[PDB]
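Presented below, as structure tokens, is a lone chain in the form solved without the named molecule.
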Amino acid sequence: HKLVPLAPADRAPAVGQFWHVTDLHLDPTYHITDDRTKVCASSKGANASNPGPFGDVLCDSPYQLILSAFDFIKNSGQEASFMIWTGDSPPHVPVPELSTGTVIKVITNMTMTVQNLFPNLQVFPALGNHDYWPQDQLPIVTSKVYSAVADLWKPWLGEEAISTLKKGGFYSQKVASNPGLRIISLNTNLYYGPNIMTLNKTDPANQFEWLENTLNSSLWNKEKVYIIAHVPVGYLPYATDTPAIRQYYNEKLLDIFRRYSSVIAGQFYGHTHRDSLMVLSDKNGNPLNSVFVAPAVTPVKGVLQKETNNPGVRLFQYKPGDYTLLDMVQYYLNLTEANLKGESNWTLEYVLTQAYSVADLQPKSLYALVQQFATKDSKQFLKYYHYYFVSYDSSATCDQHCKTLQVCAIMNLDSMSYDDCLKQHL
């Protein structure tokens, strides 16, 4: 009778779970019509290829598609303690067809959709490069869009988070359901090539200084951190020697992450609309940090592209109170199948540990996997390349040059190591 906190009953080890959704790209104009050049503004005058109620590969997301993704989550039977949402809500239309008010309108719509369906779920958003008007021009001082999302996302964020969000589009925030876990939501659009507003700035919106201080505080307060952002660090895996953010910023951000690798238990990005892994390593090739790029809900592609993604959403498993990543479950919609019969069947695509026969998502485990990808005719890599497009096309092939680009980007996030990998493997 000493009022002792009740000790857990010895049982099978519980795991925590959270959702990651990204790149919704709602197109409010979507509607089926005979003139296929009028199905969606986002096809920019192209004929929709084969449109249905859940969308088209040349179009951004019909509302019904986004709705079906969130209804799948809600009825999935999966318990989750939070969700990360890494941005990009307006669709791909020319700048003159949007405005600041319209951008805010679409972000509001996506935010309220989530809040209505998931009223008890803490959500951690990050801004995407399309979450501003004109696109990509995210500023280094406060702005209407920053002020708007600060209000929209107040239910999820504390006063501190709201203040930094309003100033620069970034924040950190303790996870109410998970003591000892902090989310750091970066505005990596400040580092994105097309952003005129940050040309020649060594530390736009002071995000690097803020990030270094935030991580140091977490290190000393014994927290763990999940980093989330829209545009990823590292190299585009389909292009040669092309960093996803400006090289100066990539190198500087990576050095921070390497220095605080003991505190960072995960990094989660979108923007590419593909399913990609990266492993941050030191200069000598030792793995330090696992990086997960998540595919988009939208299936949009340009006419010039051959492949695109199926819609996807994903879920992570972690060790409770510790926050080590245990597994990832990717879900998807076979878009063609769903448009043909008119009914969504969001379903399991793969479970990372089972697909690749790894114990967990720790850097050394993923590093060992990717050194398998490097082997000639690796069946593991073939699977990875199938999932890269979220199983859009099992006959898509990756020739020697393509695979070199993929594997080099998976393993080498900084310029010196990426270039050395090209020297050895081109």
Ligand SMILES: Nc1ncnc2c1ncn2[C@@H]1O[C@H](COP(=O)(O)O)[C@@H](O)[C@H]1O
Given for the second form:
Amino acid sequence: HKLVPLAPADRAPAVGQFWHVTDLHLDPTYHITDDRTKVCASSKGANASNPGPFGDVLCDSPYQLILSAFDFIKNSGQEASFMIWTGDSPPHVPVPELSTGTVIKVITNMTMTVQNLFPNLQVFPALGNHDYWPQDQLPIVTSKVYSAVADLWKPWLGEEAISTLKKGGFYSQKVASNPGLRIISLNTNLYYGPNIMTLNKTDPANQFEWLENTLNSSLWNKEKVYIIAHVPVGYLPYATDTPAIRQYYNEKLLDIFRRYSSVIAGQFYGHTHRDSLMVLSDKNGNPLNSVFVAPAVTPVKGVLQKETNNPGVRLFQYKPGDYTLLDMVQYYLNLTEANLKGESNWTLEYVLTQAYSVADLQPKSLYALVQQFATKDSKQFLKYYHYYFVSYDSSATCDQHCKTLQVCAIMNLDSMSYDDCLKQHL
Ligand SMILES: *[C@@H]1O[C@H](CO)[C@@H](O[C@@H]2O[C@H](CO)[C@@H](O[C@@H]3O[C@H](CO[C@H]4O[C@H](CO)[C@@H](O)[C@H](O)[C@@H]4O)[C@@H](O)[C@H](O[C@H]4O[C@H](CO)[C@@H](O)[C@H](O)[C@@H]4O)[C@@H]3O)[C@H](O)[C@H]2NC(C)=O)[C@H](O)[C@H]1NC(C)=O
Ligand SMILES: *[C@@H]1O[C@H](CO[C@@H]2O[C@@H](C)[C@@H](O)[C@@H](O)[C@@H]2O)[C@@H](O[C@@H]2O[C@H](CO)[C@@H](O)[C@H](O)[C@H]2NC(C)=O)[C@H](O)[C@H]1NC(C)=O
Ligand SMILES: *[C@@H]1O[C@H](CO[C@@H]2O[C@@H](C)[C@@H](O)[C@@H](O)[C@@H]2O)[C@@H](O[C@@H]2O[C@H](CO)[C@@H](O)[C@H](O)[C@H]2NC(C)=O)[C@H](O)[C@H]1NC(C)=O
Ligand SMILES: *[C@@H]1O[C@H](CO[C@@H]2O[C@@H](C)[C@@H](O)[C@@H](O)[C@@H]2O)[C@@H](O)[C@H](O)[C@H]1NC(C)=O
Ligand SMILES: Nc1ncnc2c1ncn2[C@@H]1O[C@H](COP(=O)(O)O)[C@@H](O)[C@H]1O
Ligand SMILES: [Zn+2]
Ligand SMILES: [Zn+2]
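Form deposited with the named molecule bound structure, per the form solved without the named molecule context:
Okay, now the whole complex, with that chain kicking things off.
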């Protein structure tokens, strides 16, 4: 007779789950036609290679592909308490073939697709470099795009997040279903090489100052943080000595992340359209923070590229009320198979703990895994390189130089450690 909360069973609490989708790149022009240079504007006059209803390797996403990805999520039987969505919705076409209004229209379409299919799911979006017109030129003051996405994403975001989103394209937001968890959605396009608007800016849109204060508040309020953004920190794994964002910004952002590694329980990026791991470590090689780059829904590649990705979406598992990452489940569409029969079969690619025989996704667990990658003829690394393209080509090979670039980028996010890795292993 005392109105005490009803104690749950001693059963093990169910893990929490959330979805990560990225790089949808809708191409509204997509359509099958005899002249394969007219299947999709995103091929920029190239002949589509083998187009079907779910797309082509030289095209961005037909609407039907994006719909099939979200239909899979909806009917997967996986419970999830939120979704993160890390940007890049318009297609790869020349700047004169887009406009601010067209960019906003595509982002609106994607946003409304998600809200229509998932009316009860909190979603945390981030802007990508194509989520602006002209592409990559994301500004350091308020803009029409920033104001538009602030209105589009209002169902998911509180007043303070809406205010910072409108001003600079970034926000933080408490997760309604997960007390003690905060999402920080950065606009890392402010740091991306092609962005003229941020040249010679030490703190464009004051995002570093804001991020510092946000993380400090989370620290003192005993919150955990998941960082989400479009362009990742660290080095491109397919190129030599090339940071994904400008080196000055990479170094500055990584130092913030190292100082707050005790608060940051995950980092989640897109932009590369590949499945990549990174482990942020100190200068002495001690692992600090696990980083997850998710592959795209679009399969697009340029004619000059040999490989591309299969479409992917992924799910993370975490410890409830604690937010330590326990696992990652990567799903994919075999695009050639789907196009041949005309029906999608989104399916499991792998479960990270099972694929790699690791206990969880903590930095030390992943650090020990990637140390195995470095061993000669590592079967773990061969599997990783297969999954890098989302199982596009089991015959794709990574020679000694390719593997040095991959492993060095996985383990060394800052310039000093990355260049030392090249010195030791080239
Ligand atoms: C996603 O879905 C696609 C489509 O089903 C799968 O791709 C097919 O995979 C099978 C098996 O790997 C391929 O069949 C094999 O092809 C080999 C030839 O390689 C290429 O050569 C021709 C050029 O002449 C290409 O056009 C062709 O597409 C291939 O890419 C052959 O050497 C094999 O022959 C022998 O294989 C075994 C031997 O035990 C036997 O089954 C056969 O009888 C034969 O003796 C075999 O035919 C098939 O070609 C692929 N199709 C396409 C369109 O690429 C992907 O594997 C799948 N992805 C994942 C991750 O599962
Ligand atoms: C796009 O492709 C067309 C068609 O090329 C053919 O189509 C394929 C199915 C395959 O069979 C190829 O080997 C063929 O060549 C190209 O147009 C043709 O190109 C050659 C001359 O270079 C010749 O077949 C015809 O003169 C061209 N026209 C047609 C209707 O066949 C076209 O050049 C390709 N465009 C690009 C940008 O690659
Ligand atoms: C989202 O778009 C799809 C795809 O259509 C294109 O995408 C938009 C960005 C915009 O440019 C549209 O004008 C394009 O047609 C829409 O699906 C299509 O909708 C129309 C009906 O209005 C219909 O003619 C098509 O057959 C539909 N299907 C396909 C595969 O194109 C979809 O309705 C849009 N969704 C939202 C919520 O806006
Ligand atoms: C980080 O915050 C420290 C703690 O100060 C208190 O933090 C919360 C509760 C705020 O309400 C603030 O007003 C409090 O004073 C600061 O002492 C410290 O300066 C901050 N560190 C940095 C690097 O900004
Ligand atoms: N694996 C790759 N090889 C060569 N170029 C790439 C690769 N991945 C991405 N790019 C380039 O990076 C950009 C793609 O990012 P985005 O345009 O934001 O989707 C384009 O300029 C591509 O040409
Ligand atoms: Zn992209
Ligand atoms: Zn991008």
